[PDB]
Amino acid sequence: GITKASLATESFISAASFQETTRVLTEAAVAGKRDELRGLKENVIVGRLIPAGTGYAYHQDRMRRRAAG
Amino acid sequence: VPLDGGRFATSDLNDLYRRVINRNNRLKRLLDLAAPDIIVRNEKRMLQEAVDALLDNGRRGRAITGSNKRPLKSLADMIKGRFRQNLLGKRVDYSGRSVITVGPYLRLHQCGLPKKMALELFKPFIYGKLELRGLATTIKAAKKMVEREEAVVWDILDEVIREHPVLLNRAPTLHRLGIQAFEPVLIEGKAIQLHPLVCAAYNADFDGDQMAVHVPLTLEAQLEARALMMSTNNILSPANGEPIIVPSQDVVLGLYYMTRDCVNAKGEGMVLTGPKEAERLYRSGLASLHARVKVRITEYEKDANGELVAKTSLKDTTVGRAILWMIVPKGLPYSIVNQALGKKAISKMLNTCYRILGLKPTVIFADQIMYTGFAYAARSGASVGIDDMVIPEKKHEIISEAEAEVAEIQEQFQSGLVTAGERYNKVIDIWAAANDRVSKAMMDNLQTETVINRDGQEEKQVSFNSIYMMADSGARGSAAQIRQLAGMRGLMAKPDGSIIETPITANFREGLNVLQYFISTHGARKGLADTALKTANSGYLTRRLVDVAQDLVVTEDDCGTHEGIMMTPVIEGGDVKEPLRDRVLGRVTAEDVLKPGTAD
Amino acid sequence: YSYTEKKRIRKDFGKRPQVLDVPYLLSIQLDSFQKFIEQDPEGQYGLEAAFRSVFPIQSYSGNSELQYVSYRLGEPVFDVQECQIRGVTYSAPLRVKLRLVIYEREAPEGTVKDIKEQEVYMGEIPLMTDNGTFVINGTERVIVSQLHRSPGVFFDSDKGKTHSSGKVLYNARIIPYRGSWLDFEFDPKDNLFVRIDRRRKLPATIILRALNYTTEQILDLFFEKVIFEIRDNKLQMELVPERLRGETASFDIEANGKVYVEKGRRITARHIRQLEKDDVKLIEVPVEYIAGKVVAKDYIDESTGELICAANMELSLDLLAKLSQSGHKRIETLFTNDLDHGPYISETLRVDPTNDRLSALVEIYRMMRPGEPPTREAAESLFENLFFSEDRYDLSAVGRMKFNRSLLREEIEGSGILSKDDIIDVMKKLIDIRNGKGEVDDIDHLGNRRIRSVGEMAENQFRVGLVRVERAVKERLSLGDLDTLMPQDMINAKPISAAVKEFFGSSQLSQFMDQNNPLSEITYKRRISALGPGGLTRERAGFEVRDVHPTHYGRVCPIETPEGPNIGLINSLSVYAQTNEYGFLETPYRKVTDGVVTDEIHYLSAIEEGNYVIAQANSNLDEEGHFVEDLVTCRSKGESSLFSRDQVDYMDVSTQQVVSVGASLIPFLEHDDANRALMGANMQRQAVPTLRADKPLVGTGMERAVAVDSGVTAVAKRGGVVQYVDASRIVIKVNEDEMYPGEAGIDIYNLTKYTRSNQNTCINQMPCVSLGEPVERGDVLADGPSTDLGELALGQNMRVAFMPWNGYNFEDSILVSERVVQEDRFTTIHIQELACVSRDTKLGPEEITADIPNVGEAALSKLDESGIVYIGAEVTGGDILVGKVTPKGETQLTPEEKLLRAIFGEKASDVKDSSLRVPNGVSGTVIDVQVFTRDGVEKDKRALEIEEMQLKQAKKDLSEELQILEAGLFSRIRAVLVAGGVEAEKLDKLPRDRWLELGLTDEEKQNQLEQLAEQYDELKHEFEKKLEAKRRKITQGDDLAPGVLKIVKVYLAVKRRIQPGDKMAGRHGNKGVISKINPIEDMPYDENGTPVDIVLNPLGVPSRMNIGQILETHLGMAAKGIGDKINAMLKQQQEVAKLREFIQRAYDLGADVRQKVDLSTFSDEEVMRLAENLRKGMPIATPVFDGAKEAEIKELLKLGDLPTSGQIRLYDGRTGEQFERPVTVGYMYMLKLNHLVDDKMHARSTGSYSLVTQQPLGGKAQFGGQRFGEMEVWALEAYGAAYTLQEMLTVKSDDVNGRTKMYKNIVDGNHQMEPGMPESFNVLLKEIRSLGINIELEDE
Ligand SMILES: Nc1ncnc2c1ncn2[C@@H]1OC(COP(=O)(O)OP(=O)(O)O)=C(OP(=O)(O)OP(=O)(O)O)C1=O
Ligand SMILES: [Mg+2]
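Chains as they are written, first to last, in my numbering: chain A, 1 to 69; chain B, 1 to 600; chain C, 1 to 1340.
Derived by calculation from the structure, the hints in this document are not laboratory data. All the pointers check out, no bait thrown in.
With a Cα cut of at most 20 Å, we get these calculated SDA-like pairs of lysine to any residue:
| hint | chain 1 | residue 1 | chain 2 | residue 2 |
| --- | --- | --- | --- | --- |
| 1 | B | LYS116 | C | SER923 |
| 2 | C | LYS1020 | C | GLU997 |
| 3 | B | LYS116 | C | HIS1235 |
Label-pair restraints from in silico Cβ distances:
| hint | chain 1 | residue 1 | chain 2 | residue 2 | range |
| --- | --- | --- | --- | --- | --- |
| 4 | B | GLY573 | C | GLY564 | 37 to 43 Å |
| 5 | C | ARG199 | B | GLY573 | 55 to 61 Å |
| 6 | B | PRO71 | C | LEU307 | 51 to 57 Å |
| 7 | B | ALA480 | C | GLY564 | 24 to 30 Å |
| 8 | C | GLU906 | B | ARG107 | 49 to 55 Å |
| 9 | C | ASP1039 | B | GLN85 | 41 to 47 Å |
| 10 | C | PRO353 | B | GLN85 | 39 to 45 Å |
| 11 | C | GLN1132 | B | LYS294 | 55 to 61 Å |
| 12 | C | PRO353 | B | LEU31 | 43 to 49 Å |
| 13 | B | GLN85 | C | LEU408 | 50 to 56 Å |
Heads up, incomplete: computed chain B residues facing chain C, CB under 8 Å, no partners named:
| hint | residue |
| --- | --- |
| 14 | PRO104 |
| 15 | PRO114 |
| 16 | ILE179 |
Ideal placement from N, C-alpha and C gives every residue a C-beta, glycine not left out.
For reference, chain A alone in the conformation it holds in the complex:
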């Protein structure tokens, strides 16, 4: 179901938006989890270009410089 499928998000910043913020933060802090941003919801929360539309050209130029030299 859509709400069960939405529950599974990699970016914990996205999940700390709509899910219960305590559990997401705790369960992620024990894993030492890395949020890579990449997604929409979180890139808004942190105030930068959306990885879509006009910003899609920006993230595509960024995801490639990453994991490269």
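Here the structure of chain A is known, so what remains is to put chains B and C with the ligands in place on it, guided by the hints.
Frame of chain A; chains B and C with the ligands shown alone:
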């Protein structure tokens, strides 16, 4: 921070942080006093409690704040403050709002912005553009100029305003069309002027609704607003490739009035060289807007390899549809206006213009359809009086007849022939039928009873009565609603869900009485509640829906697959509840499709 | 017919004669408060009752007691007018006589001493004004009456949903007026349970044990005993022949030498016939029958003394032997029967973990106060306190009535607390209901909903005030010495006064008065609410309670409820409705004895109505009052159908009595869809009163009753003739019959003049009688806002034409002739109170001086020497109202600014400009200045100018009163002195003051002259006191808040015309925002040349189905017709007989109306004054459901020489060419709703920002920014608007650094943003990081 009157305010954390420190310091003392373990254990337990109420108050006994009954907002609650608490919204600079009103003079890509709002909104642009030209020595005086509202700042405001779109937003922002970018038109007064065709997208009435404005500051946002969010760049709904910029009501009445014909009118039968002389015949009082009339018209069709082939003929039309042809652009068939042009046919007219001629000729089309629609609708003098709601002469007859049948179904129940559950069920059916009978009795009379005469005896046609044209065209009004005015208005439902076995025999052109109105009430109030709640449920759906989507973006060009779903028309039991052409249009085929025969 | 009737008579249609007339519409609010504050020398609710409840207060057995004697209300510190200007509350102090007694130590109650502390002061309780409002902080507030669930017992279902098996459960809930809730409820297993309050569930037998009932007695309580004899040998059973109904035999049931039933045949009536009539009391049974039976009492082994079988345990076949051989002859068992008498309490005792009283008391205490250990001393006292202590529990009489009534008892009155029988009888009903006999009640029947109001709710708040002073009274009496302390050192007033203050101030039942409008007022005071304390909250209750219920007929309005979050959670009182004796809702009816309809009226509560058969209001009866028709439509037991003539018991009183005041003002309502009517009665109250009051040509009749009953007008105390009519005041020389013997006098009404309402509107009265005019009791001496000649005129009627107009009325918009804005008719006047506060900062005090830094000499021109603008000066936005300057030292300046200081040599100020300046955009005239200076600061220059003027002005008022009031007394001395000793010319030569000496012969006139001298010298002396007081109020040091030193309030009279954006609507739910203001030339005009005022779109009529608005526009057209017809005969000056011919024709019109009119109106002055008031159109009354019919409407149009179709041919004033088809034209009453655009319009480039979240906050100057929420963010995401989004939530809001790198870049001419990180997220770093969580930002 201090307030006025010298009173202080502080975040609740300070009560929480203070307590942890005090109990920690007291514990540090209780060790140098070498206290009995019975005390230091109790102190340790309190330090544990004090820290817990600081980090997340609520997971123990919930400490209360100083002298105030309310609990204290812990660090955990600094983050929430219950669900979806970091994304509730943020107030924004360079913005405003006011009540919105019409403005039908507008081109599609513009909107009326008050002299005052546009002044305050673009203030930093004016300040710069003022001393960029040298009308102000420096910014400090520039402020004093636009504060003084010198006559020249107004002429400067037009300069900053021109190629600078603004954003408009109406209350429940449902789809992306709820924010659209327009080019600003400096207007006097405090109202926002909204193009009437973009009303449909926004769901904006003019019964007190307000819209908000936003200034694209950066160069990108101005180009984003111009190329993505512009009024004229979003003329089709993204839910179904059909136009969201349909003529709404006032205008479709106008075109339906134009593209109409009556049996014997001024001009009946003359032949006119072109559409131009057809408008000349009408504005001079010689020819009637609706009179059967042959006119020489030229139509175009791009059947060549991208080229407009012309064809000229004596088409069999009316005077009104002749004048409307002067608006239709280039490669469309004269058949598109030859009919009666209701809101139904008037939108598919607009759609074909986009799919045939392209974006720009469609935008300038929709404008002319509204301008002419408004004008001839206003020329029409269409009104609505009390005598326009024609009750059938056979109404009281139908009532007594169903009033008779029920008296017999009752007669059978008394004698034990039929059951109480059957009676209530069987009585509802004859009343349900009687309402259907009165309904399509008034619509038979209302629709055509205009009996007129051409050179001979008689002949009847679709009526020209005000309230009929409103429905037949599709501007405003619906046969379900009309039925409540002339014919009887339905069976009502009593609160628990039953439908009441004696319906409302009376209608709105007559009066309702105490009992009928009182019963009409529950439907109305549960109507306002149901429509109030189903506005909530929807909004919680689009949340759950963007929460599962959001991150989904058209990333790759072509994934490269032959996998795809087999598309058919839905064909629900009877016949095609949805054609194939609709379900498959705009999609890309998985593999080659073949004729009834193959190799092909 | 009367006087304000001789002026202007509304022609009323409708057949049904009004048998009952509208009551005083504000009775609810005034009658309720009357009982709260009133010496009631009995137990009835009041301040007395709240006192007697907690008094006397004794000490902890200390034989030291404090008792209550009496209470008094002082006169208020300020008058209602002063309380609004100053900012205080209109309240009276509460002085309460107390008595302190101290009994002798260890002696039979005799007092050592008693100190009767004269009237200890405990708080000021606010007072209710003549019209039912309260002033709380210079703000008029109304306390809405509340609808809560009635106190008593209430049995509910909870059918279906519980446990998904169906079955349905059954709960009984004992709901008191105060104290804990006691709930009894079943469960899936038919086990009984109880929960106090809403606490944990407990087996329902525990509360019986706590009442000291043994297991044996409880069984004895709820079950009949089945006697089993062991006679001769081996098992018999005493048999009731009725017991076998619903069961089948298990053996050969033979007795009396005739076998009635053999083994296996169900016992039917034939078998119960035989057993009963043959009188078989005893039979024989097998030893196997008692294999499951439950033993009732205890049994022990006689010799050994050991327990054989406990009470409430199932006997077995060997257990029977184990006590049969132990010498037991009888055995008691239960009568258990799953269909008839269910074995619930038997099986419940087996789930009960307790066994005795003390054991049960403990489990109760530990359920109530869990975690902590119980004591015998605590468990007994807590349980006694929950439902049995006269202090912590009370049903009220309303509760004990509904309680005893629902248990089928006879008493309507009894204990305020619960007894053993009360609790048991409720269990006996809830069990009986599950057993199949009985029905549940329903929450929503208005006989189980109950109506509080201000007076009752205030009493409850003052009650809670006493209880917290009771804690403190006993606290001090614990230690007190003898003759030292007194009932004063104990009682603290601040806790009592702030408690009662919080109620009237901030309650979900106390609200603002958002706009003046005599409907808003009158509809708010009649409002009901189920919200707040004692009631439900919006989210807790579903749609069942919000829905319209058959009980609402004639008690609550079905139409006038708000749309939104609390639909149906509000309602408004039905017109003729009344609050029951006990506080239910009753509605009027007419008693039908046999076949005659009487006029004896009976008010029927909700529960009362159910049995009777009530006829419909539209019922044709004539002659003896027989129903004309053989059978009439009636409603009786919950529903309506045709009924037999001679069977009805009652008939509706009025065709209206279902609707509210708001609904009852919609003409042709019966023609309006119930959806658009609700909106209609909602927008009607929102009408801001217009500059000139019109009056509705299209009316319903209630226009007077609404206008008169709300105090916005000025109604005649007593009848007489006008002595003097100013625009200020009105003097009525009282008629002798209505005049009181002594004092004589004249009733003098001082009219309200241009003064501020509850923001920002105005309230101003105008005299509507001319000099030397006869008035009678109950006439209107002065209209108020939105009243004309005593009729509710919330707007003005407009000549309006339905047609599309080039899309300038596109959606629901409105297109208006410039003639409307020229004629100033929809102009509206607003008075804003703008304050200026000189405070005390730690840097120093603030001045009000007219020396302001960095402003031109022309800026200060409007200011006076003291710094305050002059009265009468017209100002616009930005102008300085009060020049105020605050200390800011050590400026800490920049290098460059200091270089600027040395070049142009300006003494850099230690002071900052903080003047009160006129808000930008608004403009008006200054019409008042007030200055309140903290006591001790010397009253400044202008402040003393005001003190002198206010002082001298009030001296004129008080003395003008005396001057007119001495004449009215001395004038009747003249009439009494002349009677029996007439000196016509001889008397008025000697000085008038010298008249008191003249006596008279033996007569009561010597006692009357004595009467006037008495009340004269008090009028002499009551002036002197009333003058001193007004002086002391002006010159006293006005008490301010902390830190504030003086305040200057400037009052601005803003006159706001009408402009594009203003919301307007008629009475039929037809909203609309005026869209273009158009020239008179472009206006569609008729063949006569007369333009139209408003062009309405016809499309807003069919879909959004308000058909009544059209009959309004037609009957409004015929109304104007008769007006212009009179206007012809009046400018032609025919004669009274030509006028009376036509006027008499119009007042008859149609057939069978209830009107009746003249020929008797005296041939000259009367007929002419009437015709003049009609020339503008003849006002008409369409009753709400007794309305005008199409014929009577078409027939009024004929009389006026107007077309029946109500449509005419119109011409476009632009091209001059005619309009095809006939458009409708006519007169529609149209309102202006206070959503005026120059209020709704806001903009903001850059403004202020909040400290904690660097986000746009909006104080002074450029206001707050627009909120850009989650849904608006999705819009930009659905577009590509990546940048538009980033700047929207970075530079344009939370980015403290980029926002100014933007503003600098904008003015520089570079449209770039240099983003950065929002503060919301930067704070979340520190918030997460200041938990135990390390959150970082990685990589590069
Ligand atoms: N984005 C928007 N689009 C259209 N209308 C809006 C928008 N935002 C606010 N309104 C209207 O502005 C107030 C409420 O504003 P806010 O919610 O309190 O927020 P903020 O104080 O920060 O302004 C209401 O209008 P009204 O007060 O006249 O009453 P209404 O809701 O029935 O229309 C709103 O419709
Ligand atoms: Mg609207």
